[PDB]
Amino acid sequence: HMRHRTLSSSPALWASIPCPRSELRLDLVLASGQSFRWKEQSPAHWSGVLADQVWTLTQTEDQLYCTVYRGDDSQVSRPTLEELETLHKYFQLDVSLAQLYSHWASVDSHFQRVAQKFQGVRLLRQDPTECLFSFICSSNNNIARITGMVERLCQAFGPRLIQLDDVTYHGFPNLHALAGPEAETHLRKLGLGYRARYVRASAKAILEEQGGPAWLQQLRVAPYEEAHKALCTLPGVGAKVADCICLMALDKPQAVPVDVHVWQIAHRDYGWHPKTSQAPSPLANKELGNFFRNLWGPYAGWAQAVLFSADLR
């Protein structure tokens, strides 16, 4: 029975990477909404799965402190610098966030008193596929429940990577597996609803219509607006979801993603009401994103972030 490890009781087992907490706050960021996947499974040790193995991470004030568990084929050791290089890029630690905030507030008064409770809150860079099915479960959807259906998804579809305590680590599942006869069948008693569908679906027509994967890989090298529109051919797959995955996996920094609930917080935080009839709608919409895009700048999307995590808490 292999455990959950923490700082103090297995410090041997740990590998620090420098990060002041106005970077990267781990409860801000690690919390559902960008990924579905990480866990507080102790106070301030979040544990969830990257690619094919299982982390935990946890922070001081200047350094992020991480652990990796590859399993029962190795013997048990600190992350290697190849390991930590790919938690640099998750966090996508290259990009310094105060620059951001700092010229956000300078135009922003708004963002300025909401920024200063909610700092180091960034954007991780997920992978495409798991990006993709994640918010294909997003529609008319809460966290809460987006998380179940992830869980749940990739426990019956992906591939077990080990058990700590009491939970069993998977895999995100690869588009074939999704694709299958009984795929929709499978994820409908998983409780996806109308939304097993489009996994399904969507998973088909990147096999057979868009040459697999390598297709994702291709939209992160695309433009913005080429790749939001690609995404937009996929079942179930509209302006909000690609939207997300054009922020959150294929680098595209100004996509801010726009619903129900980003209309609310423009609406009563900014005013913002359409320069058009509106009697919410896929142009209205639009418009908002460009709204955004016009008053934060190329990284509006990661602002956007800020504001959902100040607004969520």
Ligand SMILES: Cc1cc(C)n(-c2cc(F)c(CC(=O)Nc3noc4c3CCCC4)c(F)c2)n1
Second form
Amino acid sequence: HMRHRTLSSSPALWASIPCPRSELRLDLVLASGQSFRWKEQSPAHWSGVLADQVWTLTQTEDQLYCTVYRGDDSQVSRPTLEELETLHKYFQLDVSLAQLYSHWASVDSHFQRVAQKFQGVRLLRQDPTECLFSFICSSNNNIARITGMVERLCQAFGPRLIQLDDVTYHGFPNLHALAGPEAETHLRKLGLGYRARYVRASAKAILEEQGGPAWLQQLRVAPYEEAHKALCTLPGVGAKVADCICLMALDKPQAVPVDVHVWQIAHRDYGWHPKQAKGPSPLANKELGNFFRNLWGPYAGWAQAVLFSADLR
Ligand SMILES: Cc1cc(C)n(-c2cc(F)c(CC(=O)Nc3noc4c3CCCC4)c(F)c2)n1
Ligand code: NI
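Given the form deposited without the named molecule above, what does the protein look like in the form deposited with the named molecule bound?
Full assembly next; the chain just shown is listed first.
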């Protein structure tokens, strides 16, 4: 009945945001292991769900074009003022990335070289709940299999929003939906495996032990160090996942997620070694995060995103 919009198809349902392609490149952000809810359904046209609404995004060299599917028996219209603000905040466009790129480049020659080809790699501001459970699914996994688990989870537990072509879009489920007695059994049938236990247990933990998703909003305004320790109390959430949520959902730009893949890059590209544990360890991982914060400063997580994205391509 309804299909994915292109900029050529129905231009009268698109609104623009004055966004240089140096400030944001959709193709290096939306599928670069931050969000797992965006797909290039048509060429240079990215479709995904944001807060119970579906968006399609495309860009020129100077403009970011966006169209909304409000997903109901409502008159089709262009993005509103409030809806465009939501997208402005989601891409954190108030913060200059050009000024950050130059600042990082001044103290790191390796970044200066990589940065040239890979511009507009910025850090998305995600919903804490979506980010939390997305990154519990990320353990010993790849972007493709993570994307599948998150989609299947959302269809199974989340409310239906709209259908565009063959793709049916579901909003991310609330904690109560994931905390139910059959939840783990269902998630195992959807292929999450062991991660199904942590999803249910963490949903149950936030509700019962922390008092619902207002807790995650408290961690947003809490110091990085307090937020990180609070998150590490949840089943399946360790230092790596806690840092991911801190950087991508709780407004901690200094948070640097460290796993074996970040170790590889740090060693190979920066010559970094732990100043006892020859290989990775909780203490050595903590030291590596500090090393990058000392080097790049209070937006070290955003600098890591540039390298991480550049490494995927
Ligand atoms: C063996 C293999 C192959 C692939 C494609 N992966 C893979 C890739 C991923 F992107 C992710 C997700 C992720 O961890 N993203 C991130 N971690 O720190 C950061 C990011 C994003 C930008 C800020 C810093 C994953 F869990 C696995 N692993
Ligand atoms: Ni070495």
